[PDB]
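The other protein chains are all here in position, but one chain of the complex has been omitted.
First chain written, first letter: the chains are A, B and C, and each begins at residue 1.
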Amino acid sequence: XXXXXXXXXXXXXXXXXXXXXXXXXXXXXXXXXXXXXXXXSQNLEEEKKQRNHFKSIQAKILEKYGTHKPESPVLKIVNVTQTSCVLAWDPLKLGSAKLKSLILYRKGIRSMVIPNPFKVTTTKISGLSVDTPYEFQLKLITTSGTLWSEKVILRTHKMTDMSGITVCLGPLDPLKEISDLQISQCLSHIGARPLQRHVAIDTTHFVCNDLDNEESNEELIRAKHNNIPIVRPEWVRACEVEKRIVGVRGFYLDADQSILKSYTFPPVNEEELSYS
Amino acid sequence: XXXXXXXXXXXXXXXXXXXXXXXXXXXXXXXXXXXXXXXXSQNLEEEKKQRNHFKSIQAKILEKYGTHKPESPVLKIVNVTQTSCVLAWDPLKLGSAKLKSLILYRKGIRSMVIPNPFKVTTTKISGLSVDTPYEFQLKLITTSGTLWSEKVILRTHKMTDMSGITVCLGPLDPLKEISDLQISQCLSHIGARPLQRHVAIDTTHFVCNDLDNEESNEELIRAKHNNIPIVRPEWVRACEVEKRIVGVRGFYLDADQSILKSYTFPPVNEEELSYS
Amino acid sequence: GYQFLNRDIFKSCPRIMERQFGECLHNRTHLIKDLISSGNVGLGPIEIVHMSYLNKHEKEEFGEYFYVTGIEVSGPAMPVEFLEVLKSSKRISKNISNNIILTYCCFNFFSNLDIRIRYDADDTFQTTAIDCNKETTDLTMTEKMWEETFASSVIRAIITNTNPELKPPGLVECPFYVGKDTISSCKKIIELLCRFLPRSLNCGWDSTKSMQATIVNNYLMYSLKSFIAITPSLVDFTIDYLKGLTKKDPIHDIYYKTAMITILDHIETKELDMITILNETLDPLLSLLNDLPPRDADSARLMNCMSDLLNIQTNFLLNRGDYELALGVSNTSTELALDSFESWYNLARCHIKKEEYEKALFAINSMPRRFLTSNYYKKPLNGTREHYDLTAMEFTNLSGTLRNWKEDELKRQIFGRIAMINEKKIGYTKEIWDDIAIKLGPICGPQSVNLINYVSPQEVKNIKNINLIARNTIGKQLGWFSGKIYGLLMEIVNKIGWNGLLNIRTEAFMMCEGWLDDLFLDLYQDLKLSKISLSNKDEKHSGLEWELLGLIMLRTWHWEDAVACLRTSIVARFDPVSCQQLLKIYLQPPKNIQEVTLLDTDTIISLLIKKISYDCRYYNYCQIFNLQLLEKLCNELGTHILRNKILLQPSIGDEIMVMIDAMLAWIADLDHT
Partner (left out) sequence: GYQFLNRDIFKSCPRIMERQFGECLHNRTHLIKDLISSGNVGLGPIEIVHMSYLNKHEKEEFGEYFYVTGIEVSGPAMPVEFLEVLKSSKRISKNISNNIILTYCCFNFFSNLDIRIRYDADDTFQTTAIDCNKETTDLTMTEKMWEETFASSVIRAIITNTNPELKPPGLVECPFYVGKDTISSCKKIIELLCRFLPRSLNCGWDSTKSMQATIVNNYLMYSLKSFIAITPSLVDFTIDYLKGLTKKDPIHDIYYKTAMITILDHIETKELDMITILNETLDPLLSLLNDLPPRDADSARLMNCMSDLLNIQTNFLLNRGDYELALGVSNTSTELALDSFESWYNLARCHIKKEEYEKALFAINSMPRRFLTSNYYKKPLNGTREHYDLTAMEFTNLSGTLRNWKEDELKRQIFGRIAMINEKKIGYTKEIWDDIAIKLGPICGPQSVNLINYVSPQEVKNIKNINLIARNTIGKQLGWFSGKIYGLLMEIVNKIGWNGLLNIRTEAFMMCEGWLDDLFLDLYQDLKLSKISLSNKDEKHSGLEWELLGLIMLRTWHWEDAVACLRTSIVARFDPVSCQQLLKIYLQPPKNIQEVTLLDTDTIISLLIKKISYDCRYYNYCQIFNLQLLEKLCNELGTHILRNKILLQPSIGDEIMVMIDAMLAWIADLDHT
């Protein structure tokens, strides 16, 4: 209720003439004898409003620090060539989120949308330019929101830098007398990544001497599917001797063999062999 | 001001965090610890409103019993005939009022508007009907308002009732031998109002014998102006003898005189004369 | 001569025998000491004259004294003449010494000083102002102190004369209003009261009628109104003098305006003027109320005053049948004083007139809810007992002081310890003074509302109907507050009846104090008693029974029935109680009656003559009420006619005509102004 009273002396009077007492010393000094004051002076709706705020905040806190929160994606550099790079991320973590969208960015979204961000943790970025800096970043669309972070910047290698060549080795013809050991030593000299026996996303070149038995060679079929150059071992040697990565067409398994005479492997070096 | 506080324990808190104390035992029991109450709890506009009412009432009282109040009109009966009546009122009293309108009513306003209610306190109501009851009332329009009261009801006289005949006496011809004393005694016998020497609003008949010197007789000229019948004394005698008011045309001063022989006055009666 | 009358009174005083020499003045001082220590002195004690005598044979000094009001005391002159007349007029034994000391005491309640005028054996006089709070303290008399004393004695004399309940037996009241020039005497008195208006709140008040003293409720304002009642030709003069005071002394305007307003109250000729002055008085007040935040003591004074004026308006509106306006002020008035009985009372009246009886009953529920000196007097009780408290020495001494008196005649005039001798016999009539007055004795004090306590015990026992006594006892007496309420209940009963009132009670429960329950039952029993008929039963009924029946009938508003019973009670003997009620109903007829004639002027003149005679016997030579009656009669019959009608009455001799001629002379003097 809200009811207006008038004041004679600490005695207060209704317009009904019913007279309510109040304290002489505790009487509000904004008031003089024969004032009109309106008592009510209290509010029981405000409590409901306050209770509502308390819970909204509690609810927010709980969601925010109480639920399982999808973590931000971590972007790493797998390998870098002159025209290319391979990128991967640490596996996705979403506590309760459905994941909707995973997307790559370099100076904006022109970069694509990863088809299977779960099953497959990598992508190869193909067309590029020699000795030119780039930057890439990931963006995550999950039900619980979009998070992203940690963009990286990498400078593609120059012609003379061979560190990014990663060879997967296939069948060698015993008669041709070139050994895996020779190829590896050569790879070591040029500072290339160690020699794979298996074809991955990051394989640059498949080295091979022996076609026969080629069919049913899973690595060769993968190499073809990945569109990786299939080259004779002498290609690696030539890279080492010309101190830069060189053309591969001259070393295709059907290429004219006159050029191979000029890139024969030296005999295995035991010091290097013994050392490692 | 009006400001909402919250309550922990008799200590109250602002949303500003400033903490106001209140009385432990004098705290409103509609309130529990951690309520929200809104203090203000007083009103300084209501006082202005109250002051306004106090004065309106005081002003009304003063006008009503403090000023000079025009009194209600008092309506009296001057005289009543068979076909007519004369009405007057006690003089008008208006304390401060301009007077606008004074009006007569009998069963409504058909009755006229008195031209000079101030200068003249009477009116004659002319056309009427024998032995028929009427009622009249006054209405007053003054600036300060309209008041009226005290309507009256009167029954016009029948033919046989002569009480309403009021004669004004004019010149008598000494030769004709009819005296004022004889006329008065006769008037007394029939119960008519005593004999006037002057013409007023209420005069019914002007009695006369002597035309000569008639011009410059103010009473005769007034009688004519008022359209009062001018009759020989024998008319009164005939009224007495035929025990009812009779026709006046036979007694006009130019009428055939044969009828006068039949209405001669008896000689003055001393008993009645001596008695009064 | 006006001196003639005064001379006769001064020689006609009673004598009270002091028990122990000195007791009389020692007790006076004690009583004053108490009054002062307690909160309200009020009017203080009535004036006293004390006589000191020496019995020669014994070595013993003895005293005598009496009470008196109405001696002027504008200074020592008048009291001294009085003492001189007393001493010169003595008739004493050889055994009584001619050395005699006389003291006159008049209490000044403005300064709280007792002024004592002492006339020595050597015929010299000294005045002392005694402060009774500090025993030893005596001061000297300033002019201001004399004026205060003059004013004290005049206020006290008016208030006392007009309330019989305050009068002790044998009190001598002088006609303070008489003088050389009548008009100048009255003016002197009026101006004295008006100049003292600012100090009115120091004058005491009757707390029966009001919670606190207010500008409107206090003895000064009451005495001024009572005096003006008998001097209506002086109203215009008075209003002017106050108009003049307010100009010389504007800081006191509230007091002077209030006096204008209360003086013109209930004078139909003056209503336009009253309404106008109220208007000018009230409006400023609402402002001045809201312009103090202190709530300083002046705030309650003003709010009370504001509410008291509003009450006056409310009453006026109600009497004129305008209930809407009445209710308007009536609201405002009840807010400003919640402590005001009058405010709730009018608020109830408003509701009753608007026929809303529950609100009325609510209002009623809401409302807010002395001297011992009579050892000396014994009532004769209609000759059924002896009244003599004197010892033989006391009587010997008394007789010595009154040589001119035959000893057996003297003994018959003694009532207890007081000698009710009246020597000059002013006011005498045979039927009153030699019969009824001797029986009964003076009728005054709290018992004076009926004759129950004055009459034969046997006569009371003889009353058939117990309720008849029970509803009239001094205990169950109503009193101003409950009387006013009983009245409102009567108003209600008249419309809906007692059964109706009772339903209203329980409707109100839905939306009741015990004191109210008690009134309902009283009202019920009074209504029942009202129905009773004491005639036609071949049953003999005493005067007392007729008188009690009549009082009940007045109470229940059966006016004609009441007049009839009251007159019947006067048939066998004079009844001062019934008589006074009859005169009162003539003077102030009930409002509800339609200008009806309850009593014819011949009957009134007869009663008035006997009453004046009764009053004079016991020393009331002032008689303000009886003058009011004479004034009304002169208005109706004319003064000369009235005088002849008095002369035509068989009881009238010369002694009573002295008194009547004086009163008539005074009234006549007032008509030229």
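Just so it is clear, a residue touches a chain if its C-beta (ideal position, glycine included) is under 8 Å from a C-beta of that chain, and two chains touch if they have at least 3 such contacts.
Note that of B:1, B:23 or B:32, the residue touching the chain absent from this view is B:32. By the touch criterion stated above, the residues of subunit B touching the omitted chain are 6, 8-9, 11, 13, 15, 17, 19, 29, 32-34.
Although one chain is hidden here, its contacts on subunit A can still be listed: residues 47, 51, 53-55, 57-58, 60-62, 64-68.
Heads up, the rule we're going with is that only the chains that are shown with their structure count from here on.
A separation of 49 Å divides the Cα centre of subunit B from that of subunit C.
Among the residues of subunit C, those in touch with two or more other chains are 290.
Multi-chain contact residues of subunit B (touching two or more other chains) are listed as 47.
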